[PDB]
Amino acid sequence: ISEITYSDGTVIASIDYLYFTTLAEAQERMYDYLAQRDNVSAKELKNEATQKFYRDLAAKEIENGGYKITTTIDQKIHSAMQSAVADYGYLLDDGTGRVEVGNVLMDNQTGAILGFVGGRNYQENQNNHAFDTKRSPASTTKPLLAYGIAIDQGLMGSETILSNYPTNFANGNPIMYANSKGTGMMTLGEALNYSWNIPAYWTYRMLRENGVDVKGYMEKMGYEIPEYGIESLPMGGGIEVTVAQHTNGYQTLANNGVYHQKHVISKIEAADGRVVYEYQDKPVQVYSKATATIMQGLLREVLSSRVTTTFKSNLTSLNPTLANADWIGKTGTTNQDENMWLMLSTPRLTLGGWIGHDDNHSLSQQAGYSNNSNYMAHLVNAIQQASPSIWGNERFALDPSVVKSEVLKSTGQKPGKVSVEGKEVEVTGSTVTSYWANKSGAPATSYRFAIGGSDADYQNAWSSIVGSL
């Protein structure tokens, strides 16, 4: 008899989201091992009949073979997550029908998956919403694909200004934020806290203009994106991901820029001890430590500002001492409220969360902001009470490699002289520390000081700044 085990070697089952997820992944590992053992070439493997036989062979090998499958799953934590969704899943129901849900909890230092929520109740709906279902990640794409890359490239710092003035998509349509067409200039912090869309649009466009290899960043984290030219990419246009894969992106940011490939199987052994499969760690420095730690500090305020999620109020009430852990995160909402995301990290763990409907109809406007935040608060609390130390009490901290620059609040660039319609202005005002991930830090204020903006935009903005000099 073959066995699937938890982390510590305790038996899950003999050979139900846990059972089917670990079995399916084991069968794939078995498939690779069997074809290779039998000396089936890559070419011969392309044959569909041959693949089908190897798939069935791998299923039967496990059924009949006395293998020992070691998963990364933590029994107490994963059970605690199953009770949480059993008891609190109803808190997701917002009057748009039964709301489905997936969650994955990942170790930031290993990529190991400690537990997950596959859905509301397997017996009623078997779709696996943590590992199988793929949905746009919406604005939780922004830190990874837009701001994170721009900072890593030395194109921005923590207090850099971006344009949120009105602008249109390639196709003539205005870039919206709910019903707002934009405002004026803002800091990176404001744009992140609020999730304003235009600053994210400008940031990606600047990457494209500079020929930045964004695909290199993304593929190192395991993302599959077919077209990188999509203007709404930072807002999750043209990207669809599982919760497990998306958790892996957040893991990378949390682990100070070092990616660890997600996994639920750590090892398969034959009864006699032969190693059929074993997970091999391949760490990759996707973002510099400077960039990741700068991003941690930005995402920390996303949650504590409470603009797009009530999470920190919810968790404070349930477990004030856990709420005092060093939580960072980001929310996303798709264009017709079809999918909501909340991504959460502490220095030690990352928890990803999606809610949505199997047939894609809309949720309520508040489903993410309020319902998923409260549910995720409960989820996080259940995990802690199952395993008191798992989230940890460590703080995210700026890497020493970080360069600090003294910049104008107004421009996010160092004080100096700028040509404003002929007349040379000496530009002054209140200053602030801005964090950078390059050698030299912030530049001195240029005329086009912000990320994005039209000539008309800068005329307006500069009019304001001189007005107070």
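For the two forms, the rigid core is made up of the largest set of C-alpha atoms that agree within 1.5 Å on superposition. Numbering follows the first chain given and starts at 1. Shifts are known only where both forms have a C-alpha. Compared with the form deposited in another entry:
- Only 34, out of 34, 403, 425, 432, shows a C-alpha shift of 2 Å or more between the two forms on alignment of the rigid core.
- For residue 67, the Cα coordinates differ by under 2 angstroms between the two forms after the core has been superposed.
- Core-superposed comparison between the two forms: runs of at least three consecutive shared residues with Cα shifts of 2 Å or more are located at 34-42, 48-57.
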Second form
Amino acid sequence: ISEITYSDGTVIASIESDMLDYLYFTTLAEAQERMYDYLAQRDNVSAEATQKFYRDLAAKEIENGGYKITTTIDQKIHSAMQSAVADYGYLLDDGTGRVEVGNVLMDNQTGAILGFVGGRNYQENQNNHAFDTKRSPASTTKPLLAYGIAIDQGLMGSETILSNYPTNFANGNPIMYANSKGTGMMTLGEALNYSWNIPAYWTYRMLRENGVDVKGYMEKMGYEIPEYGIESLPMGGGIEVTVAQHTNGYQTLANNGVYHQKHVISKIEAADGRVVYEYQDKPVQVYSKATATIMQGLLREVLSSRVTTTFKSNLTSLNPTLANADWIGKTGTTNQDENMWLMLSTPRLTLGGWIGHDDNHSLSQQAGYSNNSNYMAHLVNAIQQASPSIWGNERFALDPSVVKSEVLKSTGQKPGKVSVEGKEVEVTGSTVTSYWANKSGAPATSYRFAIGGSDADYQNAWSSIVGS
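For comparison with the form deposited in one PDB entry, would you give the structure of this protein in the form deposited in another entry?
Left out here are the partners and the other molecules; the chain alone remains.
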């Protein structure tokens, strides 16, 4: 007689007990953590690896008591998501075995989880790849941990230049991206669309050199990272996250920089009217509104450029109308292709997606670029068939507090006079608008104008520029 229900109150199951489906265990486990804090607090503790007596009590309270447990799960969307993974799951198998999958669909204004995919098939495997397994987010780390923070601290703007010239780790090893040692200077947009690694590495070093509390940012979105003094951290080195938590970081970018904590339980009510737990809205401005809406604009291009994912193309062919909603996203690829991530938002929703194997062995080279992008387009279509207005028709837009600068294409700073080789120069050339999240906008071009680069790099780029 204790009960778990969908957001509209329809029963999911009753809870009982015995001695010897993803939806059931996920929602029960979150309901038990809610019951525990409630119990711990009503007996005024804060003491203790028992504990652990409170876990057991919370399970008993729910399996004996008569409690109504309201979830955020939308029955139609969640069922459509199961049918999707059942009908199009095979799209992910790439010749490397049975490829597993995790997907969380989150509401950007509230943090509520509308539906999810726990895996390919509960009966054949029960690991919950939406809420339990933790893998490096790799590249999908770079907007949250490196570029979004640098934009937020007034250290760069949308058309800032970064170095992708070859450079080494402190140990001598060259920093790589697939087989490439590096190219030269590029925009942010290019560093993002292609997902290069050297530009994120220099951004994070800048942040450290300037004393940015990067930990403060990540903690406010609930990320737990044990060691920040890692050179590859912007590449996802030393980080490991569930699909649900990571979706929650993209929710933050999509919601104009304002976090709401992910949840699957909204209310726990006793048969006697005692409300044991109700979700409190607790919004947190993590990035300014200028930062987040600037970041949205870049992530729009990461998908429309198709450089690292075929998603827009796949979705165009399945549902050209849905494909013209305002989609933004980032992909991620682990160093041996062990894990592929694709994160998508419209202004209303965020959908996180991971694929990999349980034993961590390698996927094919294109599992992320192609298989996962195509499977996710199917899943996005399904959610839509079930709830045709849930993705929303609104567009992401720059906040009015965003600051505009006219800069040069070649330096991403204002045109101006710099001294090169001792001998002076007047720099000019084709220009562009770059967006900033400070008061003053972009600076005037100085000698070292980009994020990173050795002296030899700057001498090579400066030279080619004065090729005017």
